[PDB]
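Single chain ahead, written as structure tokens, the form deposited without its partner chain.
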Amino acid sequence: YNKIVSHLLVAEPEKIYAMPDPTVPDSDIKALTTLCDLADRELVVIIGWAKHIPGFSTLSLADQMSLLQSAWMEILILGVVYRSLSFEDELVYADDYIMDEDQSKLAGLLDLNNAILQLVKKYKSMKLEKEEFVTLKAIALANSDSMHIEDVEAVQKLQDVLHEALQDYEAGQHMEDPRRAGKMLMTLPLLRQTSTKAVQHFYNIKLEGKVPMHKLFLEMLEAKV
């Protein structure tokens, strides 16, 4: 099938481990510290992954950073969603960090995680494929609506290249549903909505000052408010 899709598939990063500190007592602070540390390491991986998206590295450094600073949480959330598709009412933040309802309550994350589970529910019913997941991650990055873009036409071109990939993939692989590509695009509003909820929640956690956060995660959280 479509080459961009195959390319994004082979560029997909390996999963990483959350490694919650086994010497630390379980608490909301430990859960939030674990999650923010995991996100920080995933953001390094995301920055490396984006260089494989056709045309991304040719943008200016400022436009590359603007796209990432707008889209980073959507990309993180799409990952948890995809890893959680074979599960029921649990979120696989990592293989060693699977959050059920009780854990979400303990972390203060019941509302955020229920919103993520709504994304999971919809993708389950659509039978989201890995091919579609990796293409949607790239589309979310290109379509992230940053206010600070320099070369608007080159970013529009990146959106078009990735949108064409999804269109071509669905036309070849899913002839039974001539509207599947659009159905996939129509899941992007709920992704944006959930990401905004997550950014606001963790920005408040940042302000409260009780959860330590690393440099990159803080810089992404700060580029967004």
Given for the second form:
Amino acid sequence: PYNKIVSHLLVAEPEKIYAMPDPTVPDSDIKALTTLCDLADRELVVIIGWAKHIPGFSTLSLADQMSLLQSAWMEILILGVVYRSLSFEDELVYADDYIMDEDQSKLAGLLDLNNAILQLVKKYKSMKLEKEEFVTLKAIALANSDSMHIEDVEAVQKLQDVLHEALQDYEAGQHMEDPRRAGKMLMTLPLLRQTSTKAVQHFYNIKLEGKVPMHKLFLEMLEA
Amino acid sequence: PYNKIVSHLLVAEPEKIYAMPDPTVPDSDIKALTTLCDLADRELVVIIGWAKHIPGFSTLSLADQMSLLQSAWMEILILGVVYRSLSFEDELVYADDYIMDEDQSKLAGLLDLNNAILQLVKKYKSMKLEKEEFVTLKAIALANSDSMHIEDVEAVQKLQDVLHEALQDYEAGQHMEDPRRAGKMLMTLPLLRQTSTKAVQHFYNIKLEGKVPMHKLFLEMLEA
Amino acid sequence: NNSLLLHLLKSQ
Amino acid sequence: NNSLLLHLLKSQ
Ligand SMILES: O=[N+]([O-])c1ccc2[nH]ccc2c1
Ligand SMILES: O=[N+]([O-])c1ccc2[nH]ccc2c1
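I would like to compare: after the form deposited without its partner chain, may I see the structure of the form solved in complex with its partner chain?
Full complex below, order starting with the chain above.
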């Protein structure tokens, strides 16, 4: 039996969601990008409800809850794709019905972004990332998202501390063979931050070109 | 008496270098940007010689030594400015003769980049960052720089592990009041990565506009 | 205060 | 192999 915060995050983990690319629409970059932005829009709803299960998140000001999500949302989306992809080779599981290989990434104009997501996948495969570690890192990525606009700095630090403590407690109990495993997990966050910045810049530019329709919530997070 | 790796990094720390902005040239964005690119060019030489003092760095292939520096150089430059700025308020100490306030950042077109560097400064002030922690994080930033082009993945992982171990050993001995201090220090690396990416994109664009002269080594690192 | 994100965060 | 970075890394 391990850390209660980790157990709680596991039960809070949202259900799988399908991409459901429109089978009447011809394959194209615009279809692939529409499908991914539509999938992100739906996952963002699910991410908002998930964050409310994080101990202490709901006690922040709605302003601070918004700030954390506005900074971390794309990291949370990327970590989901990364976790789903760990048993695959050079493929990204956006959804069980939407697995992109290199050819498809090329066809969508996503080769560079997807190669960086695959770099995250490669590191977590080598580390044998567990679901417990995944859900704890997602919560840490949210709490540690470095928003410029935080009101209650000390409360956000306490949230970081609670989740960091849960990771350290989990690793101390489950991974006695590697007393630095928690730190190794924290050392994966810079690549997640870098890949997230690349993703947001890329989809912001697609927003500017105006050829890919996007729903309200995805647009709001891109514009933040 | 504390960790030998930390002691070694402290003695390897290079000497201060002056910006020496040309006092015959009128103040302008082009002067400020020329001065900073010239300062970065000279610090890059000093950073290359510093990296050779890091235990095990010189044992990597010259290809892997180049890869680590090509990914981490701007993080190393930014952490230096951050450390020098810790006793200042809303000013960045590029050099003892080159301290930029908000007005000067505005005049150079650097307000957004410099506000993000000041965000790193603010977090390290609140944590009372020590020189020992600074030099260890600089070395970790180099070893953990996530280059796509590494030949000896396992050797680079061992370098990360040696430096991570030194930070943990330092914190276990010096900071018994906070058994999570090492992890808190590792949790600052995502903002350093994010700020570095912003800096490189910004100076790459200045390179494209062609109005700011840049020396060979700075140009080579920007083009990498 | 027109934000969909704020609306979903308030949503019970 | 024209790289200034490689040259400085080789430099004794
Ligand atoms: O990287 N992306 O832009 C990205 C990552 C994860 C995602 N999950 C659903 C859409 C999506 C896009
Ligand atoms: O952020 N910058 O572009 C940056 C950072 C640190 C520096 N030190 C010398 C030049 C320089 C530029």
